[PDB]
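Please build the complex by placing chains C, E, A, D and J with the ligands on the supplied structure of chain F, with the hints as guidance.
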Amino acid sequence: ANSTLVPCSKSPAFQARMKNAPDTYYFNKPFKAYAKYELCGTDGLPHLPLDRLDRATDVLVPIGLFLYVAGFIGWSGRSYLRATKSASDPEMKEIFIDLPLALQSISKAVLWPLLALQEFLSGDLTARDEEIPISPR
Amino acid sequence: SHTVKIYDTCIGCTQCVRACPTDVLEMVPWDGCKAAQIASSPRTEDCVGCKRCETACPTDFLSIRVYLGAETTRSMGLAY
Amino acid sequence: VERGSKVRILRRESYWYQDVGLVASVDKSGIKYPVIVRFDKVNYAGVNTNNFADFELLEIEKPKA
Amino acid sequence: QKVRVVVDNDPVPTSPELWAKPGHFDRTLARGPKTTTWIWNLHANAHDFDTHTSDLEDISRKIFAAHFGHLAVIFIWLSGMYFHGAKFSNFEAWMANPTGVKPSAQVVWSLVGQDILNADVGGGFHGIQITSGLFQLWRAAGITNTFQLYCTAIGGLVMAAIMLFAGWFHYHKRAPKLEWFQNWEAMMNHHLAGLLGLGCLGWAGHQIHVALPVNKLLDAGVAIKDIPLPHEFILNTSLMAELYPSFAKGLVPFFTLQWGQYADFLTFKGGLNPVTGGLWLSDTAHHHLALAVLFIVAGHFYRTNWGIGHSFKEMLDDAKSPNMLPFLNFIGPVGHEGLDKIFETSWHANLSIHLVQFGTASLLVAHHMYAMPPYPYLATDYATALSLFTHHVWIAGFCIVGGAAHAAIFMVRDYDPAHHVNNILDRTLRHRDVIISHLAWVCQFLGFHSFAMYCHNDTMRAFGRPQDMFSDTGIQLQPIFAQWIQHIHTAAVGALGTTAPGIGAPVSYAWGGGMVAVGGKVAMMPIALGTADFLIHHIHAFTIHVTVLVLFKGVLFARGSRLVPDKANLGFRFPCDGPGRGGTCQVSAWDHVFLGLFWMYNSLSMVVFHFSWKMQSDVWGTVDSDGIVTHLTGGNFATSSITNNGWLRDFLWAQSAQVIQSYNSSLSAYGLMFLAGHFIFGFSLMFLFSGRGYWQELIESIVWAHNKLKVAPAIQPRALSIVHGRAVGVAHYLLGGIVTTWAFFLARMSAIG
Amino acid sequence: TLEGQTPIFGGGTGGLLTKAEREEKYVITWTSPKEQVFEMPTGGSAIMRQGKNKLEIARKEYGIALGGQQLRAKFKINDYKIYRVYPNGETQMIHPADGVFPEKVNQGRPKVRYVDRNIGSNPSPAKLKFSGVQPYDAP
Amino acid sequence: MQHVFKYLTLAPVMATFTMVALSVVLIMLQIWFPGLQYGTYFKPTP
Ligand code: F6C
Ligand code: CLA
Ligand code: CLA
Ligand code: CLA
Ligand code: CLA
Ligand code: CLA
Ligand SMILES: CC1=C(/C=C/C(C)=C/C=C/C(C)=C/C=C/C=C(C)/C=C/C=C(C)/C=C/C2=C(C)CCCC2(C)C)C(C)(C)CCC1
Ligand SMILES: CC1=C(/C=C/C(C)=C/C=C/C(C)=C\C=C\C=C(C)\C=C\C=C(C)\C=C\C2=C(C)CCCC2(C)C)C(C)(C)CCC1
Ligand SMILES: CC1=C(C/C=C(\C)CCC[C@H](C)CCC[C@H](C)CCCC(C)C)C(=O)c2ccccc2C1=O
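Protein chains in written order, with the entry's author numbering: chain F, 25 to 161; chain C, 2 to 81; chain E, 2 to 66; chain A, 9 to 503, 525 to 782; chain D, 4 to 142; chain J, 1 to 46.
Bound-form chain F, shown alone:
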């Protein structure tokens, strides 16, 4: 077990940092949260270790949240781009946002992981190598 990291509430340097702080909105409750939940090094500052079986939700929750949001944005963009390909003037739809199409793309991308899995299973996710422009070797 890692011994150089101890809970912040038991770190003398972190306690000194807490006492020496300004008394504003930005410091009181954040320090209470850091003392209760964070692990502090010898410098008295919170450190984020990835070596604990416990507090694994503290790692997976932000990672999963960001992955969901990024996949949502990417799937919305991809679905909108694929929907604009069938149009006669797709560039005009890329400089002029087609609101119903964008709303439909966002609504569908709300469930982006399942749609991506289905597209990968059916081969719709990727185009074959021989239908993609390439440079001479």
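Since the hints were made in silico from the structure, they are not lab data.
Just so you know, nobody snuck in bad clues.
Derived DSSO-like pairs (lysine-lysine); straight-line CA-CA distance at most 27 Å:
| hint | chain 1 | residue 1 | chain 2 | residue 2 |
| --- | --- | --- | --- | --- |
| 1 | E | 33 | D | 114 |
| 2 | A | 70 | J | 6 |
| 3 | E | 42 | J | 6 |
| 4 | A | 181 | J | 6 |
| 5 | D | 22 | D | 57 |
| 6 | D | 107 | E | 29 |
| 7 | E | 33 | C | 35 |
| 8 | F | 109 | A | 739 |
| 9 | A | 737 | E | 7 |
| 10 | E | 42 | F | 109 |
| 11 | D | 79 | A | 349 |
| 12 | F | 109 | A | 737 |
| 13 | D | 77 | D | 37 |
| 14 | J | 6 | F | 109 |
| 15 | E | 63 | A | 737 |
| 16 | D | 107 | C | 35 |
| 17 | F | 109 | E | 63 |
| 18 | D | 114 | C | 35 |
| 19 | E | 7 | C | 35 |
| 20 | J | 6 | F | 132 |
| 21 | C | 35 | E | 42 |
| 22 | J | 43 | F | 60 |
| 23 | J | 43 | F | 43 |
| 24 | A | 29 | E | 42 |
| 25 | D | 77 | D | 107 |
| 26 | E | 42 | E | 65 |
| 27 | D | 107 | E | 33 |
| 28 | A | 42 | E | 42 |
| 29 | A | 257 | A | 277 |
| 30 | A | 29 | J | 6 |
| 31 | F | 53 | J | 43 |
Calculated Cβ distances over 10 Å to all of chain F for the following chain J residues:
| hint | residue |
| --- | --- |
| 32 | 2 |
| 33 | 4 |
| 34 | 16 |
| 35 | 19 |
| 36 | 21 |
| 37 | 23 |
| 38 | 24 |
| 39 | 27 |
| 40 | 28 |
C-beta atoms are modelled at their ideal positions from N, C-alpha and C, and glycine is treated no differently.
Frame of chain F, contents of chains C, E, A, D and J with the ligands only:
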């Protein structure tokens, strides 16, 4: 001097000859294209290498190619 | 190929290599590159049309009707 | 009859249809985007009106409407400044205690700890210390409360709305003909007598009736609440009589040419007010009245409609051999004949001249404002003085570069060889080789005999041979001519004998005659010049001459050169003419402007560094009860500035302690901006050092990656064009460097100022 | 010798240099319907006379630019010729080569430096190592 | 007015609106819940 080559993809659009600032190219009779003419570079000694002909060429890829070679007084564009 | 057909370019140095174009006209004379193909996307020179021979094209869709 | 008003009625309908048609002004851009280069082209050609259409009249109408729009923008900015000074400032507390309160007019919200930037500026106020000098300006104008600032802000908003409506009206409703814009004589008369003259007269009236009495009461020490409102100074003539006895005699002395009785409020003192350190407001009132009279007189010089006056065309046509001076007849038998067509047809030449003169005006503003501080408590507000000088120097440099650029644009586009046959422009173009060769030689001479001498000083100091250095204690280089000018200007007022007896105090204390202190700090004192000043002034001469070399080579060779004879056909802005002729990279005049931007940045950075170091070392400081002055850097400039190791250590390294140690304090934003400017400079380095082919091939690979996932865009991604890459590089370079210097200066002078 | 009167020009610094007298020089001759102002290739404005005009220039590009972009495009003059003059007095008429402008196809002109293939079929340089032939010159 | 609506759908206008909305959301999150850190999100205030 530079080397100017013309490949069989030329469509005889005469744009490269018009673009040349030193009269290196000219149009000669041909039968490989609808225009019945092809570009030629009989005066490559006067070529400066500006590659204006390549810019003017509409084919893909280029039907006229300029390969920079040994530098002379006139290929460096020197008035002195 | 003929007018209205969809083709895939097989010319290696072409900007539209392995891309899709539409045949606009075929020249019946004995010129080297009789087929004229137009493309939706322009190349680096801003040109969206080119001349190809038959062996440099792969038909992927017959002309409508 | 010749000068008359002619307009077209409803030439352009007011419809938002073209708002949904981006690039409508350009034939190429009207078809829509095919690659990402279309967006950059749309933004780059937005205001290039002469490429939208070939009709000069429509171009001029566009110029007029756009100028109204820019005036509206300026009015909005001024209204914002006044409103922030009225609502989120400590202006009243500062007016109560000018010498003990830091001006502040920006307050930040408290969300992410940025409220630490609310510095304790005195007067019970927490905010960002401003360095714009707005408080001193408002105090000099007689403003004493925030209500007047609020009223001025409302008036500024109203003026902005009026300017916007004027632009709309004069473009879409009543558009003047081309003949209207070509009235040189009427325009000059109206802008000399009506704009400068009447504005000077109005400001002199405001000063005499409002600013002088209020500021006299303020300097007398009476409180703000006991000072009556400005209108009371007009209604109650008894207050005028008490403050200035001559006002008891009304307007009689003015109309009888007995103006000498007005000397109590129209003074000619010179020097500075001992109480505040700024110029006497009565001195400035007389100055502005004299300017008003002179400008109104100048506004009757040109012939408009009554035969009286001078003609531009006749005067230009007469200026040629043999009508010139005997040694000035080399301009040839044509001379200035033919130049009138340039002003008939070319907006770009006028823009070039006016940008050059705006640069001149801003340089004069910076110099004459630090040397003769015109506002109360401005000289002793060191941060404000440094900020004003640096800001106006930079504005002047940018204006000069723009003047050169638009001169090159005129040469490429509007120049007509038929109009200039053996005239002065033609002869200049025909000996451009002489001009450029001599300029290059003098640039080399200046570079050697300034910077190589600095390197010589470095090497001699490293050897431990100070006696061999160019210094006051070694091989001296005394600027004897500048010292002589200082002595003459000091002796002129009585402080080549007494050539200006009417001025009591020295015109500027920087030339000599004494020292002025206000709040225990030096306002102005004589600025001695030695070997270091000689060296730095010749450094300035070298940098300016090289910038001139770059810009003037660009302008003179814009049409073409021995390398590319047909550059005019290629245009003002093109990347190259191919790798041939050995390589013709950056031959266009635009690239010469691009390089001149860098050289102007170098020159002006040295100018502002010289100003900052010399002011901190030999002028600014604190004065004790005994009159002994201790300066901010303790006289480093004489011995440390003669080597660039001295510049590196005692100026860059030593004076950056404030910005570098500003974390966890109210100046931490300055340290953040210091790092940000360094980052932006480093970032610009890649746009400057690389080429677009590499980026295009990398984008090819990335586009393959996007195509594999069916997410490629129809608007095909393209690397920036060569010219676009150069522009991005120079813009980010200048931004990073200027922001770095700005943060450095402002942090240091907010901490120790 | 070449006949024609030089255009009215007061002098300039973009004229001939040592290369003109040491290595080679060029002369552009033409005929105009009237006296009119044109632009010199190296800066400045000159006046071409009504008769036949002759102008000395340092590079062939100067003459090509003057003949094409100014004489034909602007003044509608099509009879201009460009000669190359050597220091020993030998003169060759080099433009147009055969009396017909190069942009117009003319019978009898041979194909020079023509490659009987598309540009993508050039052999790789590894084929021609130590053989001294470039891929574009390969048969 | 339809031209104004079409103008409002331009890529720069929509991008500015989206960035402004996201910035407002993030700013309000900072104001309401300052000092959020990894290992602290969605945890009760002590
Ligand atoms: C990558 C990198 C990085 C990272 C990673 O991760 C980060 C993170 C962090 C964290 C941890 C925190 C919190 C969290 C939250 O919020 O949480 C809630 C939410 C949720 C839960 C969720 C949310 C979600 C969302 C809403 C979604 C959406 C998003 C979008 C898309 C974005 C985009 C948009 C735009 C921007 C507009 C923070 C914060 C801070 N910041 Mg920091 N970041 C960074 C960056 C940056 C930069 C550049 C700068 C400069 C500007 C800064 C600044 C700052 C300040 C001032 C401050 C404060 O105050 C805070 C605090 O307190 O601390 C502690 N920093 N951060
Ligand atoms: C005395 C008459 C007069 C005055 C004061 C002006 C003033 C101005 N002209 Mg102008 N002009 C005049 C006559 C006059 N013109 C005539 C007769 C012609 C035709 C030959 C022109 C043709 C002309 C052109 C073609 C252009 C100008 C432009 C400008 C502006 C230059 C920018 C500047 O310095 O900002 C000064 C900043 C200010 C805030 C000044 C105040 C602005 C308002 C409009 C002044 C109103 C004064 C009025 C008497 C009301 C006063 C009320 C009370 C105080 C007494 C400036 C506002 C340029 C411009 O920007 O156009 C918009 C421009 O491109 N003028
Ligand atoms: C009275 C002032 C004035 C006026 C009216 C003009 C007018 C004009 N200039 Mg000009 N210019 C000026 C001053 C002026 N200039 C100055 C002072 C300089 C020196 C820097 C230049 C340098 C210059 C060049 C080099 C060129 C022009 C060009 C042009 C023409 C096209 C305008 C254009 O491209 O839109 C401007 C469009 C843009 C996209 C520019 C905006 C981008 C800027 C650089 C951002 C600046 C950063 C910002 C201030 C700070 C950071 C922001 C933050 C978000 C980080 C037009 C006739 C161009 C032309 O073709 O002329 C015929 C051209 O090539 N000018
Ligand atoms: C539709 C949105 C979208 C999607 C799904 C992707 C997807 C991808 N991009 Mg990509 N990209 C995009 C937009 C997008 N890009 C834009 C707009 C740019 C220009 C800034 C780039 C520039 C770019 C580069 C330079 C690289 C990728 C790479 C990649 C691949 C892995 C890394 C990654 O996710 O990008 C990370 C994301 C970025 C680098 C920037 C994208 C962020 C933009 C601003 C979001 C735009 C959202 C859009 C406006 C939504 C509108 C939809 C609405 C109308 C409904 C992946 C295939 C990499 C690759 O080839 O991997 C193999 C790579 O090197 N992209
Ligand atoms: C020679 C011109 C001149 C000078 C020296 C001054 C000097 C002064 N003015 Mg003033 N002013 C002027 C003209 C001038 N003014 C004009 C024309 C107007 C409008 C009609 C005003 C309106 C005005 C207001 C509203 C205020 C001042 C104030 C002040 C004082 C503050 C310092 C300052 O403005 O910078 C000094 C400026 C300079 C040293 C140079 C700028 C002057 C012009 C731009 C020079 C132009 C010459 C040009 C480069 C060459 C043209 C080309 C050539 C062919 C002719 C100071 C005493 C303020 C005050 O009350 O003081 C306490 C104030 O609030 N002025
Ligand atoms: C510190 C870096 C540096 C230096 C030393 C130079 C030096 C020079 N630049 Mg330059 N330049 C630079 C950065 C630099 N540049 C950058 C970053 C840019 C991008 C904007 C440019 C852009 C630029 C342009 C656009 C132009 C110049 C020009 C010049 C020359 C000006 C004439 C001169 O001063 O001659 C004197 C030479 C020096 C002062 C160089 C230092 C000499 C040392 C101190 C003494 C050497 C002693 C001895 C000879 C050594 C011999 C020993 C042996 C073993 C070698 C000169 C060669 C101009 C030019 O060509 O002028 C005609 C010009 O047009 N430069
Ligand atoms: C530099 C600059 C600036 C500004 C400045 C200023 C502040 C200026 C001013 C100006 C001015 C300040 C002007 C003025 C003008 C005026 C005028 C124009 C007037 C006129 C008047 C009149 C016309 C009158 C009339 C009358 C009446 C009403 C009644 C009775 C009769 C008589 C006639 C007397 C800024 C910073 C913003 C920005 C940058 C640049
Ligand atoms: C445990 C963990 C970790 C680690 C991890 C790892 C190591 C991972 C790996 C991973 C991997 C190894 C991966 C791979 C992948 C592959 C691929 C191949 C992919 C692909 C993708 C795609 C295809 C996508 C698509 C999409 C989507 C879905 C959405 C949006 C749009 C798009 C289109 C983009 C860490 C420490 C960090 C943190 C904590 C936890
Ligand atoms: C880096 C570089 C490029 C690549 C740069 C390109 C293609 C421009 C990319 C611009 C982007 C797309 C603008 C947007 C960037 C913003 C940071 C995105 C903000 C996103 C928000 C969600 C925050 C060139 O094309 C180039 C060309 C010629 C000389 C030098 C260079 C050069 O140095």
